[PDB]
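Novice: Each chain is listed here by its residues.
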Amino acid sequence: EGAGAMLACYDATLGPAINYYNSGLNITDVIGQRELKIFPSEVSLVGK
Amino acid sequence: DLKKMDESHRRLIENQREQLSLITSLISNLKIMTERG
Amino acid sequence: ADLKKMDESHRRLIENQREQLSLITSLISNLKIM
Amino acid sequence: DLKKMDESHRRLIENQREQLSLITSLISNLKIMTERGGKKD
Amino acid sequence: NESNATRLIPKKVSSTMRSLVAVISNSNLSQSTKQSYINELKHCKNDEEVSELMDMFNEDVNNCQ
Amino acid sequence: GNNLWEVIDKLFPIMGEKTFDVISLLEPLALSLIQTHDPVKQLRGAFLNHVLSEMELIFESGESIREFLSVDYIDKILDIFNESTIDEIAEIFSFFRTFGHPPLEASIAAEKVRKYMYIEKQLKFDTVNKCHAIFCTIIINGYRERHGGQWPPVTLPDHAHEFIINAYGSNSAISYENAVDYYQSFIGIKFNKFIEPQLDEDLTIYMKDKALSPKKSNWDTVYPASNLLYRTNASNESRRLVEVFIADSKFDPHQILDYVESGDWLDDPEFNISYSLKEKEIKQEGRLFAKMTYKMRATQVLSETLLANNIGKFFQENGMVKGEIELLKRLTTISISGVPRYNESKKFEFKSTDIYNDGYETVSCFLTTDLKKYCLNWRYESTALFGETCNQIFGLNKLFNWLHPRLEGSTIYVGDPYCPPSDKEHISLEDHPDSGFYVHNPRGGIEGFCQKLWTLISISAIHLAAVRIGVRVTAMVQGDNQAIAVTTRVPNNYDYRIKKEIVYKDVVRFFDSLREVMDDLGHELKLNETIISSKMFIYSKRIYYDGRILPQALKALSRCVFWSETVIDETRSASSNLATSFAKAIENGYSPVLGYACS
Amino acid sequence: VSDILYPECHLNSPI
Amino acid sequence: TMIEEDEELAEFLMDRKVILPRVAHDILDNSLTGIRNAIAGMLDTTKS
Amino acid sequence: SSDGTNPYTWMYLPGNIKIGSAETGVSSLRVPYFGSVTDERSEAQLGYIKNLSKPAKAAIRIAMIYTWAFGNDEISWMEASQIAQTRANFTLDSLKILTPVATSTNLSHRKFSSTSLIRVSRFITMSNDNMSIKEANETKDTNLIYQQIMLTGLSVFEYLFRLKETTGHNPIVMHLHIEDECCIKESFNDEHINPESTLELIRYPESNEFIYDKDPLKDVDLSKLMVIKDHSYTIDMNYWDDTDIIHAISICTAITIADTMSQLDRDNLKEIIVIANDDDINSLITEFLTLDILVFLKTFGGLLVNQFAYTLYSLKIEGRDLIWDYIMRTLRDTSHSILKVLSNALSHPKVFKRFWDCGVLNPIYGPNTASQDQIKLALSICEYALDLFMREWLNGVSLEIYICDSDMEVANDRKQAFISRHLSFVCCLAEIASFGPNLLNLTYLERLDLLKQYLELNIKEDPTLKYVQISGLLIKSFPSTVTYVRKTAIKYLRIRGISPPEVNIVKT
Ligand SMILES: [Mg+2]
Ligand SMILES: [Zn+2]
Ligand SMILES: [Zn+2]
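Residue numbers (PDB author numbering), protein chains in the order written: chain A, 1809 to 1856; chain B, 435 to 471; chain C, 434 to 467; chain D, 435 to 475; chain E, 539 to 603; chain F, 266 to 609, 638 to 892; chain G, 10 to 24; chain H, 1037 to 1084; chain I, 1182 to 1291, 1300 to 1692, 1707 to 1711.
Keep in mind the hints are simulated off the structure, nothing from the lab. Careful: at least some of the hints might be erroneous.
Using C-beta positions, here's what the derived DEER-type ranges look like [claimed, not checked]:
1. B/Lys-437 <-> D/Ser-455: 25 to 31 Å
2. I/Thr-1672 <-> F/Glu-858: 57 to 63 Å
3. E/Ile-547 <-> B/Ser-462: 47 to 53 Å
4. I/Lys-1329 <-> B/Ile-466: 55 to 61 Å
5. E/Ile-547 <-> F/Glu-809: 19 to 25 Å
6. I/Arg-1685 <-> F/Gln-685: 24 to 30 Å
7. F/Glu-858 <-> E/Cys-602: 46 to 52 Å
A few chain F residues facing chain B, derived, Cβ under 10 Å [as the list claims (entries may be wrong)]:
8. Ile-384
9. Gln-387
10. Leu-388
11. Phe-390
12. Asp-423
13. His-424
14. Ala-438
15. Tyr-441
16. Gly-453
17. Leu-678
18. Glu-681
19. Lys-691
20. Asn-694
21. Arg-699
22. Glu-701
In silico DSSO-like links for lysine-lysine, alpha-carbon gap of 30 Å or less [stated by the list, open to error]:
23. E/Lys-572 <-> F/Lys-341
24. I/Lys-1300 <-> F/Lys-834
25. F/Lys-691 <-> I/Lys-1231
26. I/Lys-1403 <-> F/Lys-473
27. F/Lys-798 <-> E/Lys-572
28. F/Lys-543 <-> F/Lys-380
29. I/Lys-1300 <-> F/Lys-458
30. D/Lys-473 <-> F/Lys-587
31. F/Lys-560 <-> H/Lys-1053
32. F/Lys-341 <-> F/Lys-587
33. F/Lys-377 <-> F/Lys-578
34. F/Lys-475 <-> F/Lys-798
35. F/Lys-798 <-> E/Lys-549
36. F/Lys-306 <-> D/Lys-473
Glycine included, every Cβ here is placed at the ideal spot set by N, Cα and C.
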């Protein structure tokens, strides 16, 4: 799940339930001084 | 006409005095770097 | 009127330039090489 | 009269500026040759 | 036209030959290739053959990667 | 290392004193062996050729060497390092003080000083003017950065260009290209006093436990009475600085400055300067360091402190005014700069290419060097303008130009207690002929005196040489050792080798400009002993290579002696120095576990 | 008695 | 009589309900004792 | 075991990098961390007097240390003056005026040798985002602990890959945790510790001018002393209220960011400085956590327009819309390396969350929230700052500015230059700069006077330009560097113990 649009849409349509999320992560994702972490941006936007 | 020519003749003098100031500064620098204590 | 002012100003500037030239000649004449 | 004197004054001022530029250019391109040490003898 | 700190011009003088042998030996090619280059360099008629051998060695080094 | 020692030690009987020539040439051999690995095909084996030529010249310099050795010994020296890693080659800088030291002599030491301190030099007036313009520009930019863009008090000349006046009015920076362009507006510039001379920066600089030369009336008191035919003067005056300072009836720092300002230094009849041989230098002839009388030494140290504390911080290329962390970080950044950071008329048809951050990146190629007899090639003409500028900045006059006017009419002698003169009776110093170990009327400078001004002039010359052709450089200069990284913007879609070959053209084009500038300033950038590299540069006798420091582990191990640097034979200080040496070895590239066990 | 003077243990002078 | 003054100053600095041997050291360094020690420390060898 | 409640440092090393020779461009290459660059302890000095002798500065330092350590009441000041009169004859009032306030870093005091050969730390990426210890305060310094931990981790990675040429096949991640249950101890502090002994036998026999400085100030008049006293009382942070302290933090942060951008623009190898690692100190993280967003953005926009004012005026760029477009065209055209500080400070999870809750920034520039593009975030912040400042200026609210420098007269000249630039910007904005006076080859004072005359003439002649106000600036002059003011504001914030500012039928 790249951005998580599928997850948010399914949560809205289907019943609310715990969703486990997995996505790719490579050397490009690292930042100069930030820990490597991942979380769907679209889920955050929908939640806000 | 007359005013324009007067202004041009005056303006030439500023260029000439700037040239003279440059020559004076060059001679002063030469004196500083050549003459001893 | 205007002509007299032009004469006075031009003479003053020419004399100032001559004084500067004389000062330059005096300054170069004091070089230890010369 | 006025035009003739203006032309003459411009010519002499240009000549003076040329002489000043010659002096400045000849001053700027200078090779300084220092002297050598050692016993005067 | 001579060598300086900026470049090495392959010639037939002893110092240049020693430097070329050293730079060939320190290269990252195979041992047989370095040996063959050394024997081919030891028999050179003039500067032209040395320059040609140096060009071939440089091409091989570039193609090594 | 064992093979190297075995090979070199065989040279001592056959080659008596010339062996130290080879021992000194060892380090350029290491630099050449490291240089033979760079991507550029032109730079491979460019310094090794000169090194091998020097070794052949050494090995064919005598009949005993010819009939007992041959040029085949260079092959034996080389074969012990062929096909070896970078660290192993770079590690042989720790083999510098493990062969002993040569026997020195006063006449041989003074011969070279006479040879290279008597020559007459030809200087360019325009080049000095442009260097002074860059000097003023750097000072102005430094003050701007220090005080948030506000210019220092400056009085521009009447013939100043409109651009410079506009910049002064708007309080804006000046680039060195503008400084070289409008260099005639800086000719008659005149600073104002904005730094107050502090005479109490460090109170311990006037009481350093050093030795002073005796006054010229009794100069031969250095030699002990056991080595002189006659007897020295009975006047008992101390030559050590500590006792002289203690027994000073009148003393206040103002009098030193008044002495150097009021014209007294040139009218002192008891001024003496004497050389002394330097220890633990394995050049075939050792180096020299000078000592002067009391007042002149105090003036010199005050001038050095004043110039280093205040003006030195305005330049970003001084290695002597930066702390450990700042200098290390700047050097690491410059070294990292040497490797790319990204591997990979009708109906005008255009295709949108995915550019990557303007599609241009900066990469640099390095050029490290040291001049030939840096201290001996200076003259009064080169540094007079910069001394006058510093005097104007400090609100005083003719303090920073005290060296050459005083030295130009003095006599220098190499004072060694075991090389006495053959005089039968006392003779005034200026009566001996221009031979032996005397130098009469020197022109050049002295090793270790007013070095800060020379460093600033060298930085200005480097920047002028860079601007003269358009390239951009960033430098790091200490005394003679200068490392300059020439930076160039290249497309980031290229590969490594093409980028390096592109920057090599800029480096080879800037090298000639630097040579011409240094020749204009009277110096000489020696052609065949300059280290051009794509990955490495040498600073503080350490090699920086692709952002990493090549290790020197054995050097800190060779100094793990039992009674190491102890004033008296005690266990505590010896163990402290052992622990310090082993910690230094550990942090230079030794394994912590074995280092701790060996400690 | 001033017997705190030890001979130099390391080289610190030119040869 | 510098020794008595130095000991009295140090005692006044530290003889409190809480002892701060670092602040007192800095104060003594900035006081006359600092320059006294700096001047007296020029002799570091038994021979000299 | 700790359920994520144990602080730690995160370190990462890539998989397939050839340690020996980098024959290919490496994207993970960066400048290592050699240790905290300790700041000068002479920066904590009020530049009221242009030239002061060394004994006077020594007495000032003694008074500073004594008042910081053993209390700040009147008796402590009397004792500090008694001790400081040994080295300089300062009156109690002059000493009170001229001594700054000290912090933990002032007392913590501590050819060239490399810390280590740098081999595998060119590639290591390190982060202290998850590490924080509450015991830190002004009494006990904790920067040393952080520095030691980062250096120890660097040394461990250096030792592990000591004999192997290649890095390996998999990325290596290591957590550096601490055993805070035993070694880390909270420190109590009693501020008032009265002395037991009495200074009784101290005399003043010394007379040398390089050892003692009687009458340390000569050129200072009585009127000058009164003016200096009034100015010092004006900017005393102790008597300010909480809102003023928070505003000062925000203003100092904005000024620091602007000055850092300006000075980083000039540097040649900027693209390589931006990749360099560093400690979280002097990285503006804490103030970004405890500043005020709106004031900071307004001040940042004001600083930007003040910087670009002369370029706007020379090009006759008029209007509220064209100025923004020109400024951002210039910002995007130039290198993005100058935005290093802002881009790095905005990437912190707590900083990003605080900015996002206010609606200034949103996680829109990438698939994942934790790796949003830094440059886009910086540009969005700049856009919001410019828009906010221009809208507020047209609305008619004043702008508060701090001018900080170590010299008073240089501070006054900087204030004059700032006012001149602001007047140029106001002329540009009001769409009246096309017919304005030419400002070529003129000093900033002449420009200021000419622009004042022009603006007054235009306001008096035409009553439409009511929103244009000449006295729209509130400039406060500080006789010290901006870093000292920011640290003083932060210290008073921590001492006062005030929290950072925090800002239904619809739900169902
Ligand atoms: Mg040299
Ligand atoms: Zn963990
Ligand atoms: Zn413990």
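Novice: Now look at each hint and say whether the structure bears it out.
Specialist: Quick rundown of the hints versus the structure:
1. The hinted range of 25 to 31 Å is satisfied by B/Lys-437 and D/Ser-455, whose Cβ atoms lie roughly 29 Å apart.
2. Between I/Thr-1672 and F/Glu-858, the C-beta spacing of about 40 Å breaks the proposed range 57 to 63 Å.
3. For E/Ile-547 paired with B/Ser-462, a C-beta distance near 49 Å keeps the hint of 47 to 53 Å intact.
4. As the Cβ distance of I/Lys-1329 to B/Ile-466 is approximately 58 Å, the hint placing it in 55 to 61 Å holds.
5. At roughly 22 Å, the beta carbons of E/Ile-547 and F/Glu-809 sit within the given window of 19 to 25 Å.
6. At about 50 Å, the CB distance of I/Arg-1685 to F/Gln-685 disagrees with the hint of 24 to 30 Å.
7. The hint said 46 to 52 Å for the Cβ distance between F/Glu-858 and E/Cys-602, and at roughly 50 Å that hint holds.
8. At a threshold of 10 Å, the smallest CB-CB gap from F/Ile-384 to chain B is about 19 Å, leaving the interface hint violated.
9. Because the smallest distance between the Cβ of F/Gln-387 and any Cβ of chain B comes to about 14 Å, over 10 Å, the interface hint for this residue is violated.
10. The criterion of a C-beta within 10 Å of any C-beta in chain B is met by F/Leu-388, whose closest approach is roughly 9 Å, and the hint holds.
11. With 10 Å as the threshold, the beta carbon of F/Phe-390 comes within range of chain B, its nearest partner Cβ sitting at about 7 Å, so the hint holds.
12. Nearest Cβ of chain B to the Cβ of F/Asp-423: about 4 Å, under the 10 Å cut. The hint holds.
13. Nearest Cβ of chain B to the Cβ of F/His-424: about 4 Å, under the 10 Å cut. The hint holds.
14. Below 10 Å, beta-carbon pairs count as interface contacts, and F/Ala-438 has none with chain B, the closest being about 24 Å; its hint is therefore violated.
15. The beta carbon of F/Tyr-441 is not positioned within 10 Å of any beta carbon in chain B (closest approach about 20 Å), and the interface hint is therefore violated.
16. Below 10 Å, beta-carbon pairs count as interface contacts, and F/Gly-453 has one with chain B at about 3 Å; its hint therefore holds.
17. The beta carbon of F/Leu-678 is positioned within 10 Å of a beta carbon in chain B (closest approach about 5 Å), and the interface hint is therefore held.
18. Annotation: F/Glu-681 was flagged as interfacial toward chain B, and the flag holds, the nearest CB pair being 5 Å apart, inside 10 Å.
19. Taking 10 Å as the C-beta cut-off, the interface hint given for F/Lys-691 holds, the closest approach to chain B being about 6 Å.
20. Hint status for F/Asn-694: holds, given a least beta-carbon distance of 7 Å to chain B, under 10 Å.
21. Nearest Cβ of chain B to the Cβ of F/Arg-699: about 8 Å, under the 10 Å cut. The hint holds.
22. The interface hint given for F/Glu-701 holds, since its Cβ lies 8 Å from the closest Cβ of chain B, which is under the 10 Å cut-off.
23. This hinted pair checks out: E/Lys-572 and F/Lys-341 have alpha carbons roughly 19 Å apart, not beyond 30 Å.
24. Our distance criterion of 30 Å between C-alpha atoms is met by I/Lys-1300 and F/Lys-834, whose separation comes to about 11 Å.
25. This hinted pair checks out: F/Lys-691 and I/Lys-1231 have alpha carbons roughly 25 Å apart, not beyond 30 Å.
26. Under the criterion of a C-alpha separation no larger than 30 Å, the hint pairing I/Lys-1403 with F/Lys-473 is consistent with the structure, at around 29 Å.
27. In summary, the hint linking F/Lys-798 to E/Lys-572 is supported, as the alpha carbons are separated by about 29 Å, within the 30 Å threshold.
28. This hinted pair checks out: F/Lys-543 and F/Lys-380 have alpha carbons roughly 19 Å apart, not beyond 30 Å.
29. Distance check on the hinted pair: I/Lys-1300 and F/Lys-458 sit about 34 Å apart at the alpha-carbon level, beyond 30 Å; violated.
30. The hinted pair formed by D/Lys-473 and F/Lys-587 fails the criterion: a straight-line CA distance of about 43 Å is larger than 30 Å.
31. Taking the CA atoms of F/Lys-560 and H/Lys-1053, the gap is about 52 Å. The hint is violated against a cut of 30 Å.
32. About 43 Å separates the Cα atoms of F/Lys-341 and F/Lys-587, which puts this hinted pair outside 30 Å; it is violated.
33. Between F/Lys-377 and F/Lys-578 the alpha-carbon distance is near 35 Å, which puts this suggested pair outside the 30 Å criterion.
34. Distance check on the hinted pair: F/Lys-475 and F/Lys-798 sit about 50 Å apart at the alpha-carbon level, beyond 30 Å; violated.
35. A hinted pair counts as satisfied when its Cα atoms are at most 30 Å apart, and F/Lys-798 with E/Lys-549 qualifies at roughly 22 Å.
36. Straight-line distance between C-alpha atoms of F/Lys-306 and D/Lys-473 comes to about 52 Å, which puts the hinted pair past the 30 Å bound.
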